[PDB]
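*Asks:* This is what each chain is made of:
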Amino acid sequence: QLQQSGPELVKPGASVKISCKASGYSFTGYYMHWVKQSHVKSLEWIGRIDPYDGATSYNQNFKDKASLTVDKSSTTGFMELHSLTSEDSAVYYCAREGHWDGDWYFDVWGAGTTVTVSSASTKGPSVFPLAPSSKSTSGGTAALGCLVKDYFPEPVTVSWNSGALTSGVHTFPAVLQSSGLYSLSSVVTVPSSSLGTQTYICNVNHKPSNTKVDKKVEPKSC
Amino acid sequence: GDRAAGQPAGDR
Amino acid sequence: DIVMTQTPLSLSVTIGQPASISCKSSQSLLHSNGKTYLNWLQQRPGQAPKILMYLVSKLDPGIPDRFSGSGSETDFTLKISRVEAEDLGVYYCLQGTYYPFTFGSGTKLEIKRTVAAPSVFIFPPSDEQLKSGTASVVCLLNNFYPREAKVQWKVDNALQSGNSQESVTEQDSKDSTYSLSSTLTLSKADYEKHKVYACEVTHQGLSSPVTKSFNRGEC
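If you read the protein sequences in the order shown, they are chains A, P and B.
Throughout the first sequence, residue numbering follows the deposited numbering, covering 3 to 52, 52A, 53 to 82, 82A to 82C, 83 to 100, 100A to 100D, 101 to 216 in sequence.
The opening position of the second sequence corresponds to residue 1 in the deposited numbering, with each subsequent residue numbered one higher.
Throughout the third sequence, residue numbering follows the deposited numbering, covering 1 to 27, 27A to 27E, 28 to 214 in sequence.
In short, the hints are calculated from the structure, not lab data.
One or more hints might be untrue.
Listed next, the in silico SDA-like pairs over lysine to any residue satisfying Cα-Cα at most 25 angstroms (straight line) [as the list claims (entries may be wrong)]:
hint, chain 1, residue 1, chain 2, residue 2
1, B, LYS24, A, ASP100A
2, A, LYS210, B, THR164
3, A, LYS43, B, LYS126
4, A, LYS19, A, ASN199
5, B, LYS126, A, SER173
6, B, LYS45, B, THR164
7, B, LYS169, A, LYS66
8, B, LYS169, A, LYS19
9, B, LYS126, A, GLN171
10, A, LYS66, P, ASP11
11, A, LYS43, B, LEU83
12, A, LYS209, A, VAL163
13, B, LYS74, A, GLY96
14, B, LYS45, A, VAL207
15, B, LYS24, P, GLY1
16, A, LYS117, B, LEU83
17, A, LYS129, B, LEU83
18, A, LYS117, B, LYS24
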């Protein structure tokens, strides 16, 4: 019921504007809050906005940083951040304060928007196939995958067969390389007998660089 | 509730 | 603003066994209207936070009855009757009495399951990457528990160090196991200097170290 914008790469000092598309409920009837997540243990409330008249209530820490606007025509809420620093790199959620049993709480959350603040420029990833072989077989099951290397910033989206292959898929958290570029891998376990009939394609989408790559992972003699 | 309401931590 | 303290920081509970998370506030969260605005959130890895309970004890209609919440004005407790595999993730408490909203530090909950030995796979570097001038050899550990595992690379029976990186997945929401990848990165020159590449795996569920190896040129 809440759709957010894609990940953003911002240079230090610039500004960013992220959107929160609402659907399926009375837009002007519930507050829309925004939350910053710097890391796993850091969760902070930014502010709220009344979509009916545009009344905005902010947290004192984000007075000069964030500003909440609304668009009743598209039923979309926006948050703009001004003069970004390194400490502004975080994930930003929008949430609805819903009603149930005569009480209010956040019952709908957006997926979150990743904002990376860096002077470095975006770099597209390189996709290499992790081809299955006799060395990647265990009990009639085979392993294959895709190595996504040398991209910046996070995140990169990996899917298999346009999202049709999900069972047994493990996409690893990215690692920081000495070059400052990230790298990760996505793997899936399949029946080794089905390597000749089935087609396995990994779909890598790096939105900050607008890089969509499809790689067919075929077996190899090894 | 046509107008939005919420927990008292939202507004001062 | 009100400071929320969550104890413990990390917690590991077996399936079907009870769990308990604590949250303490600096001031009494009782409001002038008599309501105590305390909220419990759960964030599974790779997902957005979701509120489990509001006003200390009221459950969200989508949340099962095994979750319960009991607390006074300053101290609060979130209890799970029988922990299931889907109950993993980080739990935050959130006060809504005094402006502004403030969250807790968070409590990581690990699901304790029976010991599972990892499946070891190895992937020789792709020819497309070799044309670029680099060589990444991946060693894969799949569906093991617990997450404590040790991987060591051997190039021609010579132990390596300083040229590999490893990454562990989050705990699976279904089987409560982990997976681990270990990537050995070298130059095209350094890779062609040797022939035998292997990764040795040691885990609690294994009696002796497991060795997946390959020879450059088998492909």
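*Asks:* Indicate, hint by hint, whether the structure satisfies it.
*Replies:* Evaluation of the provided hints:
no.	hint	in the structure
1	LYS24/B x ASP100A/A	22 angstroms, holds
2	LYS210/A x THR164/B	24 angstroms, holds
3	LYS43/A x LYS126/B	42 angstroms, violated
4	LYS19/A x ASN199/A	21 angstroms, holds
5	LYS126/B x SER173/A	20 angstroms, holds
6	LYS45/B x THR164/B	22 angstroms, holds
7	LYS169/B x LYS66/A	41 angstroms, violated
8	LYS169/B x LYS19/A	37 angstroms, violated
9	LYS126/B x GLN171/A	20 angstroms, holds
10	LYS66/A x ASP11/P	18 angstroms, holds
11	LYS43/A x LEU83/B	15 angstroms, holds
12	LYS209/A x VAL163/A	16 angstroms, holds
13	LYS74/B x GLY96/A	24 angstroms, holds
14	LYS45/B x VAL207/A	33 angstroms, violated
15	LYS24/B x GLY1/P	33 angstroms, violated
16	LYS117/A x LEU83/B	34 angstroms, violated
17	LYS129/A x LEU83/B	33 angstroms, violated
18	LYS117/A x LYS24/B	44 angstroms, violated
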